[PDB]
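What follows is a single chain, given as structure tokens, in the form deposited without the partner chain.
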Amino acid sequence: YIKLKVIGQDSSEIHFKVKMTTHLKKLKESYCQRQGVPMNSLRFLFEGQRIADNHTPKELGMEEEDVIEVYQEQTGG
């Protein structure tokens, strides 16, 4: 279990506590729900790497209080 700070371009900082082996797609779902933004309209980055759905914190080498960056390619819909 590690806490992750999820940052967006809109200065949004939402924290999530996840297990080291859960697929990071669940964190995308919790960001979609807590922000009311469609999940398919967001890109999640760890370092300079787009976070895949089967990627896990253990695989990406994430640690406590690491930061994930979120981009929204749909400027209008």
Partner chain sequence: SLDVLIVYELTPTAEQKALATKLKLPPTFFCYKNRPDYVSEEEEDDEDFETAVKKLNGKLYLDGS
The other form holds:
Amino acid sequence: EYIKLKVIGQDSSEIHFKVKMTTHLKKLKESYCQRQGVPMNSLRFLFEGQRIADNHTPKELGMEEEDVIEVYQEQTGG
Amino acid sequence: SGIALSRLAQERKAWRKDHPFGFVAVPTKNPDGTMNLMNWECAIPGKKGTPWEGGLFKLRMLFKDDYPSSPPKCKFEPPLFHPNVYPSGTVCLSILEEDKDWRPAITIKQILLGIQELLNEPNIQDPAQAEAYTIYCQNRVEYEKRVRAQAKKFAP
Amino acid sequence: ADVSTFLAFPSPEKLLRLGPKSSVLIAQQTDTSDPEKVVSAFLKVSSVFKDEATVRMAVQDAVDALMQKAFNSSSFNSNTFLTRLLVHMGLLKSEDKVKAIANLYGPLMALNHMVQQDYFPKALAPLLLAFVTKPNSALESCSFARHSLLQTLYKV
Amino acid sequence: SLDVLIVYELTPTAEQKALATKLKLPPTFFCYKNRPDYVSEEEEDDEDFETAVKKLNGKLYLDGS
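Same protein, different condition: the form deposited without the partner chain was shown, now please give the form solved in complex with the partner chain.
What follows is the whole complex; the chain from before opens it.
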């Protein structure tokens, strides 16, 4: 049904989402990016420390309410 | 540059009030007794879980007059054993490169945080030091074994 | 005065035009002190290796000497060499802008020989092996020279 | 289709956002001091790096606090 999530970025950018536990987390992901002006890739979202699948959903994460998600700027070695 | 000394000034205050746990980012000082902002002395913790855990790795951070336009140069003191860290100890990382992933909106908290993530996500598909790239490919069990070591050697 | 001009603009011939006293006229006129210069010489000499009979023998001995010298004087870091060498052979990223040499045939052949000599630190063995197998455009434009070295190295 | 509605987004003061805008910093930067807990407007920075590393003394991972 509905569980309010807390997507915390890596620059004090906090955003709250109400999502249906039947919806693919990608929808959440996407929203963030456009409501923030950043390509779907540019970032990366995590939960319980481990990364988040694009098809994921609390249906798999059992994320209760008040949960938290971390977003990290995407990067690579050099 | 533009507003380097200010933004930097701010990032120090902001850093003091709030900052990631286990990380250290103290600037240095001028002869004047004042505070040096164009040069900090940071120290990134390992990462619980990863084989890099346990140690605390120091790294300097030199900023140019231009900042935040151009990113800050970063060097591990002393140099680390890692596929993407030059022999000089410079950390080569997409995020830190002006003409690539660097964007002014990035802060020191991010860099240090990034660099930390980088410790365990080497880009062997493009090394910066023969030493490590070799061992990494040559044998993995050893590369970790070498790491576990380097980490202990730098444990607080 | 001859070696000088020879180093400015190499030549498979100009080398020969130094008499049998080139295998040392060069392996002396060159600043065997720091790796960077050794690398410059070594490549320069190699840049004129022709599978010919007397020309490759001239090139070989030149390298044989130049290296016999540097590798024997603790006041020289072997690893720093192998590195700046790979960096000049466009096989590894440098922290600056180096002009990657056109063809790696001469070097890959010069190296092919050196690894066999004994004055060579059997320690840099895998580090070369790793950066030669390393998928790379030019180090591919000479299938022969490479497979050779790879073979030579697989044995060392 | 799949409902996901943004219900809240941390926003700063007019003067805060405007400051960050001058410093090319992320708009939600001085929100650290916008919080209720530890915040004021007075403190002198001086601690030496080395000191700090030691002040940290205990482990580097809060896990278990």
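Between two forms, the rigid core is defined as the largest C-alpha subset superposing within 1.5 Å. Shifts are known only where both forms have a C-alpha. Numbering follows the first chain given and starts at 1.
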Fit the two forms on the core and write out the ranges of at least 3 consecutive residues whose every CA moves by 2 Å or more between these two forms. 74-77
